Every structure is written in C-alpha cells, then in structure tokens.
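All chains should be modelled from the sequences, with the hints used to inform the complete structure.
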Amino acid sequence: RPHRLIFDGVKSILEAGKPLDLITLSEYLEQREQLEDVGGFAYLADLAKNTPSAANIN
Amino acid sequence: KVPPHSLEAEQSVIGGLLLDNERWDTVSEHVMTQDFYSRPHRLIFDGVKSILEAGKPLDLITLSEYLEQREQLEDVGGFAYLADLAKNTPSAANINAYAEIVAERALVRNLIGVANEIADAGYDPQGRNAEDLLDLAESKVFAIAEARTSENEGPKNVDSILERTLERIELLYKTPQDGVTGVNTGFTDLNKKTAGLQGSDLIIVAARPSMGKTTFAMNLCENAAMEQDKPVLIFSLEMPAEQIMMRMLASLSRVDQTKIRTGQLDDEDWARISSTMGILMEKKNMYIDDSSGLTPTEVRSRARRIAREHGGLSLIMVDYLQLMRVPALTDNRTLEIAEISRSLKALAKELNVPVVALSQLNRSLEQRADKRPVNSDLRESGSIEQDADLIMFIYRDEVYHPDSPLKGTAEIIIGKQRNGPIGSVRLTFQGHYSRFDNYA
Amino acid sequence: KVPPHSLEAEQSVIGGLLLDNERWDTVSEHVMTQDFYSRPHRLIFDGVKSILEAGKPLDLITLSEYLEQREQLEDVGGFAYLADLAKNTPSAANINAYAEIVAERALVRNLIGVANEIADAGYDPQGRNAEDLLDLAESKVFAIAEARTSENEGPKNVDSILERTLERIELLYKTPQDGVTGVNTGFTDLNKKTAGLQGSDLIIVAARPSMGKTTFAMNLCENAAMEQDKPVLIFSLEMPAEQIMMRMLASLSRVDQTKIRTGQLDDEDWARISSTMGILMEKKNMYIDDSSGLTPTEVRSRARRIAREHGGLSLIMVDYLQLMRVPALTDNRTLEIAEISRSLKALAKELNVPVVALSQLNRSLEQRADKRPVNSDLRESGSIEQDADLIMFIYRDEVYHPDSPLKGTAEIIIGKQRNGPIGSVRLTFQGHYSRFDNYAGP
Amino acid sequence: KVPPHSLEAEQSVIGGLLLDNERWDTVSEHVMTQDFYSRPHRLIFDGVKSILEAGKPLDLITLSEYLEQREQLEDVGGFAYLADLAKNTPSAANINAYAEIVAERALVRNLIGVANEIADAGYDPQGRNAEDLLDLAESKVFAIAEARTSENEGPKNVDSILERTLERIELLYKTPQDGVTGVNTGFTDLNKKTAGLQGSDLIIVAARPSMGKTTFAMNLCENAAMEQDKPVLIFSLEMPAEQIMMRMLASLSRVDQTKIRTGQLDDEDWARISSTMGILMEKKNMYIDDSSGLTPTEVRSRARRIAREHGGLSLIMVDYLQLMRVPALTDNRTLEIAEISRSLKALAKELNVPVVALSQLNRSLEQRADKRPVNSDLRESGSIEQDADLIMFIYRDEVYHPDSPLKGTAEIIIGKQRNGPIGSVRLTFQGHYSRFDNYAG
Amino acid sequence: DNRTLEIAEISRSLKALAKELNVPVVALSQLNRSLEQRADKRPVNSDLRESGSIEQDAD
DNA sequence: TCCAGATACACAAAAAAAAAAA
Ligand SMILES: Nc1ncnc2c1ncn2[C@@H]1O[C@H](COP(=O)(O)OP(=O)(O)OP(O)(O)=S)[C@@H](O)[C@H]1O
Ligand SMILES: Nc1ncnc2c1ncn2[C@@H]1O[C@H](COP(=O)(O)OP(=O)(O)OP(O)(O)=S)[C@@H](O)[C@H]1O
Ligand SMILES: Nc1ncnc2c1ncn2[C@@H]1O[C@H](COP(=O)(O)OP(=O)(O)OP(O)(O)=S)[C@@H](O)[C@H]1O
Ligand SMILES: [Mg+2]
Ligand SMILES: [Mg+2]
Ligand SMILES: [Mg+2]
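Protein sequences appear in the order of chains A, B, C, D and E. 60 is the number of the first residue of the first sequence in the UniProt record's numbering; add one for each residue after it. 22 is the number of the first residue of the second sequence in the UniProt record's numbering; add one for each residue after it. 22 is the number of the first residue of the third sequence in the UniProt record's numbering; add one for each residue after it. 22 is the number of the first residue of the fourth sequence in the UniProt record's numbering; add one for each residue after it. 352 is the number of the first residue of the fifth sequence in the UniProt record's numbering; add one for each residue after it.
Hints were generated in silico from the structure; no laboratory data involved. Hints may contain errors.
[Stated by the list, open to error] Simulated DEER-style distance windows between Cβ atoms:
| id | chain 1 | residue 1 | chain 2 | residue 2 | range |
| --- | --- | --- | --- | --- | --- |
| 1 | B | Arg354 | D | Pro24 | 50 to 58 Å |
| 2 | B | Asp391 | D | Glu419 | 31 to 39 Å |
| 3 | B | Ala75 | D | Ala140 | 32 to 40 Å |
| 4 | E | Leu382 | D | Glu419 | 54 to 62 Å |
| 5 | B | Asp391 | D | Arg393 | 25 to 33 Å |
| 6 | C | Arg363 | B | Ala118 | 18 to 26 Å |
| 7 | D | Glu174 | C | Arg363 | 54 to 62 Å |
| 8 | B | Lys77 | D | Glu167 | 26 to 34 Å |
Quick reminder that beta carbons are idealized off the backbone N, C-alpha and C, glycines included.
Written out as structure tokens, the structure reads:
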C-alpha cells in the first residue's frame, strides 16, 4: 500500500508535466496526511539513494 | 469562551407572542426558528409557528397541549416554565427591538462559526492549494451577508400605478428626453421597447448555437464604449482576444472578416482599418479578459479593481455563464447555476452596472414544429428565469430553412421584462461584417 | 497546532541560489524577505539577496564573510551549517517549484492568522455591532488575497491587444497560402468555408445509415495522406482493414468496387490497380487500426506511440465514437458518451492534430415532413455538440425522394463552426467508386 | 400507562363555563357529560349543566348552593378549589378549542378502550371462529365512527341542506335588490339576463382578436370598483399597468385614447382627468399585477394575501388564461389548459368571489358561412367550456361587413349559462373613447 | 429493465458471432406499426422494432 | 437521460371538393 500511494503521487506529479524530485513528492504526500503511512521522508530518501541508474527501467 | 447569546430576549419574545397574536406578521419576517440558541426555545418557536400558521388561536393551554402531542413538555421544563414565561413578561410593546437584537446575535454567532470553519480548513488542506482556500473563504464570508434579500414581487395599489402613469405622461410631454435613459443600444426599435440597457439589471441573451449571441453582445459593448465615458469590461471565457479585436475591426470598418483573417486587402480596406484604429486608440475605454473557468469571486475582484482604478463602469459582458465554475458545488449543476445567477445579480446591484450574461438553450427546442424559443427552454431555467430582469432571444430562420424568404434578417424576442412590454424586433444581419443593423 | 511550513523547501531555495546564479531572475519574482519562517533562514536569505542585488558574485566564502561582517555568522549556525545546506542541495533545476511551495505556505499561514484575528473579534465586541464585524471581514480577506496577482490572467487595455492584432495582420499580408491554413480537404467549396481542417479541433461527421459517412471520412483521410507528410491514423472499429483497402483502391483507381470484391476485372482495371498500388507503396503514409471496443486510454496510448515514433501526425479518424467503451460507467450511457467526447477533445488538443469522429443520428429525423438533419438528432449528444468545433451532416435527397432533380448529388450541412461560416455544399456522389467529387456542373 | 387526557384542558373548560355564560350555546354542542375524565370534574360539569339548563344564573354562590344541596362540597375540593377553577382561566375567547381538545381526548381514550377489548377477546375465543372475530372487530371499530356525531366533509342528509337553502331564500326575499343578487355589471340587459356576476363561478369572455375583449373586461372592472366596497384584483399577463391605467383614465374621464397617448390635451380634459384621479385616490380599491407566465399557485397566493390584507375581495380577473404556464405539464397543451381552468374554478370557489378569465377563438370561424361564434370555437378548450358557468362572446358585425346597418354596435351572445336562460343583448361601441354603453332605439 | 439496450446487445452478439465463426447470419426481425398510418405501405429501414443497432449494425 | 411503443385531444389545414368560373 505505501508503494501504491507513492506511485499515485508520482503519477499525479508527472501527469501535469511539473518537475518531480524528493521535495515535490514529499510536500505532495504531506499535504494529505499520507507521509506517515509511507514511512516519512527517510524512506523516500532511501528509495532515491538505492537506485544506481535507470538503464533497464522498462 | 461564551458565544454571543441572550436568553432574556428569547424569554421576552416568547412571552409577548403568547400574550398577543395580532403582531405575529410583523415579527415573522425578522426571526427564524434556527436563530434561537437554546434547544427548548427552538422547540417552543417551532410549536408557536405550527399553531399560528394553522389559524387556530394561540394561548398557553393550546401550546402546552401541542407540546404534549410529541412528548416534548419534559424537555422544555414542563407547564411551569411556560406559565412563568407567560406571567413574568411585563409587556410586549418593544418586541421588535428584541427580535432585532436576537437576529444580530445569531448573525454574529454564525460569523464566528464561519471564521472557525475557515481557520480549521487551512490546517488539513487535503490536496487543495492556496487559491482554492482563498476562494472558499471569500465565498463563505460573502454568503453570510448576501442572504438579506426578501420581501418583494407583490401586486401594486392604485396610487403607485397612477403616479407612474402621470410621470410617464409628463415625460412624454417634455421633449428633451430622447426616449432613452440608460445605455443606448444603437438600434431604433430596441430603444423604443427596452428604453436602453437600464442600470442595476441582469440581461440574459439566449440562443441556439450559431445564431449571433456573441455578435449581438459585441455590438452592444462597442456602442456603449463609443457613447459612454466610463469603460466597458468584457469577460471572454471561450474566445481568444485577438479574434475579438478582429471582429471589432470588421464590424466598425465595414470590412469583410475573411479578408482580415486571411490577409487579402485593398487600399480602401486599409484606410478604413487605419481610421477605425485611430478612433479606438482615441477612446481607450474597453477592457477584455480572456481567462478560462473564472469563479464568481475572481470576476467580482477584477471588476471592483477596474472600477476603483478608473472610477466607474458602464457595461459588463459575460460569454458565457455556463462556463463559470463554483468549486464548492462541482457535484451539482442546478445549484451552481443558481449561485452564478445570484452572484451576477449581486454584482450588478453593487456596481450599478448592467450585466449581459449569455446562455444556451436545451436541445428539445428543435423537436417542436416552431423553432422560436420560449422562457421555458432555458437550461436550468428556474433560477435564471426567476433572477433575470430582461430576457432576449435571437432567432434566424435562414439557419434552419435555407429557402426561407427572410434572408438577411434576424428576430429579437423579448421573453421577459419587469418594467416594460414584451414583443419582437426584426434586425438586419450582415454576416461577413459580423454586424447587426436596423431593418428598413 | 503546527503552522504549515516547509523548512526543507527554504533550504533547497537557499542551496539553489548559492549553486546557480543564472536563475535568480525567476526566483526574485516569487519570494520575498518575510516569506521565510525560520529566523536564521530569514537572515541568510536577506544577506544573500543583498549580496545578489549589490552585483557582487555569490559564493560560500563571500557569504560567510558578509555574515561575519554583521556578526550574524554564529547566529545562523556557523559556516558548517552553510556548508551542509550547500551540500544537501538536490539540484538547481527545480528552484521555481521550491519558491512556489514557500509562497503557498506563507499564504496559507497568513490566511490562518487572518481567520484567527477575525474569530477573536466577536468574543469581545468592544462596542462594534454586527455590521462592523461583517465589514471587517471582507477588508481583511481582500488584503490577504490582493498580494497574489494573476499573471498574465488579468484584464487588458485595448492598446496592447490592438497592437498585437495589428502586428498579426501585418505579417499575414505576405504568403496567403491560397486561403487554406490547415489540412486541405480536396474539395474547393468546403475548403472555402472550413479553411481546411484546423488542428487542435474536433470534427464530427454524422448522418443516417447508408448516407456516405465512412466514404466521406475516408476520402478526407486519403487526400490528407496523399498531400501531407506526417502519417494519418485511422481507427476502424466497424469494418476490417481489408474492406477499407478495397474501397480506397476502388476510389483512387476509378475501378468499380463490386468488380473488385467479386474478382471480375479486365486488363485496364488491373493496370489502374497496379498504378495506385505503386503510388501507395511509394508513399507509406497510412495506418489502420481494426481493433474492436477500444477504450479512450488505449486510443490515446496508441496515438502517442505513433506520434513519437514518426515525430507527428496529420489526422485522426474514429469510426465511430459510440462504439468506444468506458468500463467504469457501464450502467450509464449518457455519462459514458460524455467521457468519450471529452477524451477525444482532450486528445485532439494534446496532439495538436484534427480528429474526425463519426456519429449516428436519432430516429426522429424520419418522423417529420422535412428530413434535413439538425443538431438535436445526434444520439445522447449534450456533450457531443457542447465540445465539438465543427459538425458536418450528409443529406442525399434521392434516398427519400426517388424523383428529385438532385440525383447523383449530395449536400454537406455545416451545422456549427466557432470561427467560420455555416451553410451547405453540393458534391457529386459516385457510389460505385465510393467517392465524392467537386460539382463541375450546375 | 397514563390514559390520554389533560386535566388542565377540562379545568379550563369548567372555568370558562363558570366565568362566562354568554357562550354556552357555542360550547354545548361539542362536549358531553361523560366526555370528561376526572370524577370530581365530571360531577361539577354535571352540576353546571343542570344549573344552565334550568335557566338560573351561574356564579360561585349558585355553585356552592348546588353543592350543598347534593353535599358534594368535600367531593369537589372545597370552595377554594372552586375559586381556583375560575381563577386560572386566561380568557374565554378560546373555549371552543378547549372543548374540542377534550372531545378529541375522549375519542382517543374510547378508541384505546375498544382496541384493548378486541385484544382481550382475541385470546379468549369462547367457541367463536375467525370470521366471527373479524365481524366483531368491524362492528366495534364502526361503532366509534357512528358515534362521532361530528365529521368534516362526507355525505349529508337532506334536512340540513333544505334548511340552509330555505334560510338563503328567505334572506334573499327579505332584501329588495331589484333583481340583482351578485356584483353589478353596469349594463341593464346583462343584469336582467344574468342577475349580476354570481360568486363561485368562472366567467369566460372571448372574441376574435381586436373585437373589444379587454375593453369589455376593463369596463366591468371599473364599474365593479366604483360600485363595490372590497378591492378588485386584476392579473394582466399582456399589458403593463401603465397601458391599463391610461385606458381606464381615458374611459372614466371621457378623453380620447390617441390624445392621451400623444400627450396632447386641453383644459377640459385636464380638469376631468384631475377629478377622476381624485375620485380614484379616494376609493383605492383596485390592484393590478403584470408578472408574465404566472403559475396557478402564485396567483392563488397573491389573491389570498390581498384578501387577507383587505378582509375579502369582490372580483378576480385574468387576461388571459392562455398565457399561464404549468411547468409539470409542458408536454401537452390540452392538459395544461384543463389544469389552468380547474385552478381558476377552485380559486373562485375558495374565495367566494366571481372570476373572469379571457380566452381566444379558433380561426375555423372564418371558414364557415356564419361568423357568429359558438362554444366549440374556443382554443384547446375542453375544460374551458366544461368548467365555466357563464360564457359570453363579443360579436361586431361592422368588422366583417362594412355595409352592415349596425355600425358601432357590439352584440354580446351568451353562449352558456348553467343556471339561467341563454340569449343575446345589443350594446353600442365607442372606439374614440373605448367604452361600452347601453343601446337605445 | 431496458428493452432497447437488450435488443442492442442481442444484435451486437449476433454480429460478433458472425464475425468470429466466419459464417453468414440471418436475423429475422419484425416491423413497427407506424407503417400502417401511411398511404404508402412499403417498409423503410426505420420501421424495425427497437432498432437503433438493428439498422446501424446490419450489412 | 435518452430511446422506443401506444392512446387520445387538439391544431388547422391540407388537399379535395366544389361551386362555379369560364
Ligand atoms: N468569419 C465569419 N464569416 C462569415 N460568417 C461568420 C463568421 N463568423 C461567424 N459567422 C456567422 O455569424 C453568426 C454569428 O454567430 P456567433 O455569435 O459569432 O457564434 P455563436 O452564436 O457564439 O455560436 P456558439 O458560440 O457556438 S453558441 C454565425 O452563426 C455564422 O453564421
Ligand atoms: N457498387 C455500388 N454501387 C452503388 N452504390 C454503392 C455501391 N457500393 C456501395 N454503395 C453505396 O455506398 C454507400 C456507402 O455507405 P457508407 O458511407 O460506407 O456506410 P455508412 O454511411 O457509414 O453507414 P453505416 O456505417 O453502414 S450505419 C451505401 O449507401 C451503399 O449503398
Ligand atoms: N383610437 C382608436 N380609434 C378607434 N378604434 C380604436 C382606437 N384605439 C383602439 N381601437 C380599437 O379598439 C378595440 C379594442 O381593443 P382590444 O379590446 O384590446 O382588442 P383585443 O385585440 O381583443 O385585445 P387583447 O385580446 O387584449 S390582444 C380594437 O379593435 C382596437 O383596434
Ligand atoms: Mg459564442
Ligand atoms: Mg461506417
Ligand atoms: Mg384584455
């Protein structure tokens, strides 16, 4: 479920063309009291750090 | 924290209503059942209203009888409290002051509640941005003071009608009147019927697609701008501004619109365009807004800003009222239409400027043998019909029947008018210039 | 309760200002000195703004020196805090979003403050009556809303718009492009009225069964493919691609459709078919989708895939819009049609290409003395007509009146056009070739 | 479980009986001896009834004497209780309400008793079948209705109707009125063949366009307003109040309509207009409404408000019924017109005032050889002619035949009268003044 | 609860079966009674019963 | 919220009649 919520946030951010980063996604999740469910900013930072590259993202 | 309330006023008004009943009509227009703070007083007022509206005489005995019919005497405090209210009241000569003060206290409490609501609505936005919150706050604050509109729409006596008739006869006797009082429309018969676009009125122009709504509204706005001194504000919610300027140049210079759009021009057309541009830049009394999906609050704010900057307005045009969005009523359309119409009427009353709000008609109109519109064909016809002051329709028979002998002629139908006669006016339509002119 | 704010946004703004200096112009127009929440953050932003306005270059060393000049370096956490802020910057590309977030938080905090201020009054009237309380609400809300201004979504004087229109009409004097500005339909009379098929528009062709709707749409698409460069996409939800290909061969090669279908051809017909085969195989500018029951999302995805692959599109055809399915609203038909029409219009606006969507007509047309279609004959068509930029009907008089003098001719009725004239156009109809043509004769 | 009762109501009843004796006839027809609940209250009510039926005055002294006679002073709480009974009565103006409350309490108590008896009998059949139990329940529940003795609506016997009709006839006979028993219409022949505009009737005045329909209606309204006392109400769905006022001024002041419209007058015309204005302002018994497309409920509410303000009406006029709109039945015109006519008739019956509604005629009149209108010529008008009580048509021979020797004379043909003879009358027409008048010679 | 949608579904299913099996399908249909009110008794395509899809889907 | 089937009143009116014009 936290992955479902973070993917919903990513889809909402990227569907409008606005830039997506840690700050934007974190502030979008916090606006609806959903940042506590996903694990806070620490989990988002770990997810961002743990990805080396998007060579085979597809 | 003690919210604003006054038990003394409620006790006094209840005692007065119990004592005397001939004053019920005077008081019933000032207070409401939900205005009372405490629950027992609300129940008492509900029972009093139920008894009095039924026509039965109202006293202590029948009130206590009524309260027993629904097992409510114990909650109020029994017959003893009602007897104390009946006895302890000294008199009822100053009941209206108590009604006014209790209404004021209820209004203050409601304003406090709305302030708390807006304050709490900003801690958990739930995906809403600052603009939406500000619009909601403005709507909530404005809806509180807007409710004080009632007591109208009643038959007139003989004295008022006789005075109005005498004034009309005297004005006819006087020559320097020109037959118009407000904004001249530029058309002969329309000025004879409507006596110009009177101030503080809401005008609804409704027609089927491809009939000449925008053309008519633009012609009226151009005439108002040319004649008046205060500017004219146009809210274009469907068209770009450059297209509006091209239409205006074509209408004022009598140059084919297609020639301007494509770029094939001769010397005479260029001279006419130069003269029209010179005149327009000499006047400089028009403002065009091209935003999409404007809320009523934004329209009001922009209109007020323009009026303060320039010191007044002459005419406001909306194209059209079906595109305005009310954020709080996105799940209901009839309520949204009613809110839009009420907001436009309130703006027209506040700025003392007529508002031309275009509309569209239902598709069931084309099923009938006669294609001419009526007042019942409006989309969400209820609120718009109730709140309007002058409803005009545009009909062109050449659109439906190509072989009709009425080529180059449009019919204007005055479906409603509060202070004037209804009828019909025929006008000459010149499509290539996007212009309505008089009919010989 | 904690006031709404984002310290991370302020840190990102400061880091982006420190690392990048070319984007100061955009940042300077969205944030102010009093927008920041943290006092050391406010001091740091004030110092950075002063340095940037002074014209001196911005760097960590000069910022530390300037803070030491005012003895505020130790107050804001020291040089180590500034170094950490510089190091923790994600990137300088999205500083505008951070500034917007900071501005939004400041706005909502000030709105909450104003709400608390008005709420405090009423619990202590201090002589004011209800009218005074009502009056000192609108003023406060207008003051808190006037700081933000629409840009550039504001009323404009006639001078600027007139000058822009004059500039537009001055450059349009040259290169008339023979009138047509969009996609050439191939028919002169319809080109005069429609001025071609303009992009970012929705065009609807509707008629009664067996009138020449698919033939007309296919002729338009074929002409566009022959003339234009980008591919033309066709969604055939009604017929297989084989029948459409046979119809196109019959139309282009001037060969009877029935003989093609039944395989009874002479040598000249084969020569014509070979010539049109060579032309079509040389062009390679056509795409056909014969899938059934496509959802709007699938149509959008396939159109985007083709457009990205070839760099753009020329025209999109749907046959027809009533055969599309929206599974979320299978219990209501009007809302489904509304969603389909809105999705088609949105796709047309997004791809900036015209979309020719076909539609059917209600049976009430033939229960009247006059059989000419109107705008109310379209089925479940509040949205179909509300968000349509052009509606063209097809009417053949020989179908209803066998003895009509208009035999071998068809009329195209333009029932709606936002920025163009309306009327009728007469075209020659040759059914055995599945082709429309210009009216050479009277 | 406390049985339904209210000792305060019965106490107020007996207190009002003791305090005032001039409304005994207004209360003796509601309550009964056994309808009370409290035993001392029943005893004192029986004593009061016995005193009143004997014709003796009722007061504290007589009540105390009667109680001493029956030695029930201790059984009624004492003389102090008697004083308290007549002390806690606010007013006697609402004694009937207290009496009907007591009667309702008695009725509901009896209904509860009957239901409890049926429930008890159900568990103990005593050798009876289900059909017998159902019949017993039907008889018990029907007895309560039979013993009601006071029910709104419903069938009535012939005796009460005959008595009321005889009283009405005697009242009409005792008042000489020279053959007019309604609202004076202003014309001698019309009054003779109509006896005025009777109440609770729907009157239709219809004619071809440009025949003197609105002129005739306004002439009737002006005559009624000048003669009667209670105000007249007019609903103008076509012309504003200004045109109607101008026509009325021209008619009453004998001034040309064209001169008034063009603003050209003279000293005599100005003096006559001033006199007419003074008289009209002295009377002030008229109302004009110009709202278009009125639904029946709106006109009903407005008429009710005006009648409540002025304590009654004299005449309601609509011009015309074919412009009113019913939103719920816009798909069929015939049903809409039927509903309009039914609503007008219901309003006329409720307010007990005549209603006059104008209507048009079909074009089929021209095709026929005779131009004289008939009942069937009215437009989509099944209920118009199936619900009206008097139908009058205005016919002008000069319009169709310029050579007719009856120029300037409009003939009124009474096409229908439910309770009177049918026929026609002849009246002269004055176009230059827009006023109908009696015919002579 | 809706006859028109039922007839539309029946016609669509018949067309889908004909397309799937690659076989001609003959679907006999009735005619409305509006034909009897005309001086010309020759049937038209619009006289089929509950037949939007019947006339919009047949070949 | 649209689509389709069916009973009944009303609009003339439409042509036809047809009288009569020729
Ligand atoms: N460029 C043009 N050239 C010629 N005729 C035109 C042109 N633009 C509009 N017209 C005609 O003028 C009429 C005026 O209609 P408009 O008021 O401009 O459009 P509309 O009434 O707003 O239609 P909508 O917006 O779809 S409700 C159109 O219906 C056309 O017949
Ligand atoms: N060989 C031919 N000779 C004459 N007419 C033909 C021939 N082939 C086809 N047609 C006609 O051409 C027309 C083609 O209609 P289309 O436009 O393809 O179908 P449609 O208008 O989309 O209506 P639908 O899809 O069937 S509901 C029909 O009226 C056929 O009768
Ligand atoms: N100055 C005048 N001289 C002669 N005749 C006139 C003059 N003014 C009006 N009239 C005629 O007086 C008659 C009275 O008009 P009305 O009674 O309103 O006829 P109407 O058409 O039935 O009215 P409605 O039904 O309300 S539209 C009409 O035939 C007018 O032509
Ligand atoms: Mg428009
Ligand atoms: Mg097709
Ligand atoms: Mg009238």
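Original post:
Is the gap between the beta carbons of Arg363 (chain C) and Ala118 (chain B) within 18 to 26 Å?
Top reply: The hinted range 18 to 26 Å is violated for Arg363 (chain C) and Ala118 (chain B), with Cβ atoms some 57 Å apart.
**OP:** Kindly confirm whether 32 to 40 Å is satisfied by the beta carbon distance between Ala75 (chain B) and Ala140 (chain D).
**Re:** At roughly 34 Å between Cβ atoms, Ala140 (chain D) and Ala75 (chain B) fall inside 32 to 40 Å, so the hint holds.
Subject >> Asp391 (chain B) paired with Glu419 (chain D), Cβ distance criterion 31 to 39 Å >> reply: 33 Å Cβ-Cβ, so the 31 to 39 Å window holds.
Original post:
Regarding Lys77 (chain B) and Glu167 (chain D), is the given constraint of 26 to 34 Å on their beta-carbon distance met?
Top reply: Given a distance of about 27 Å, which is inside 26 to 34 Å, the answer is holds.
**OP:** May I ask you to test the hint 50 to 58 Å on the CB atoms belonging to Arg354 (chain B) and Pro24 (chain D)?
**Re:** holds, 55 Å
Subject >> Whether the CB-CB distance between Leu382 (chain E) and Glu419 (chain D) falls inside 54 to 62 Å >> reply: holds, 58 Å
Original post:
Does the hinted range 54 to 62 Å hold for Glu174 (chain D) and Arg363 (chain C) at CB?
Top reply: holds, 57 Å
Original post:
Regarding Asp391 (chain B) and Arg393 (chain D), is the given constraint of 25 to 33 Å on their beta-carbon distance met?
Top reply: holds, 31 Å
Checked against the numbered hints above, the structure violates only hint 6.
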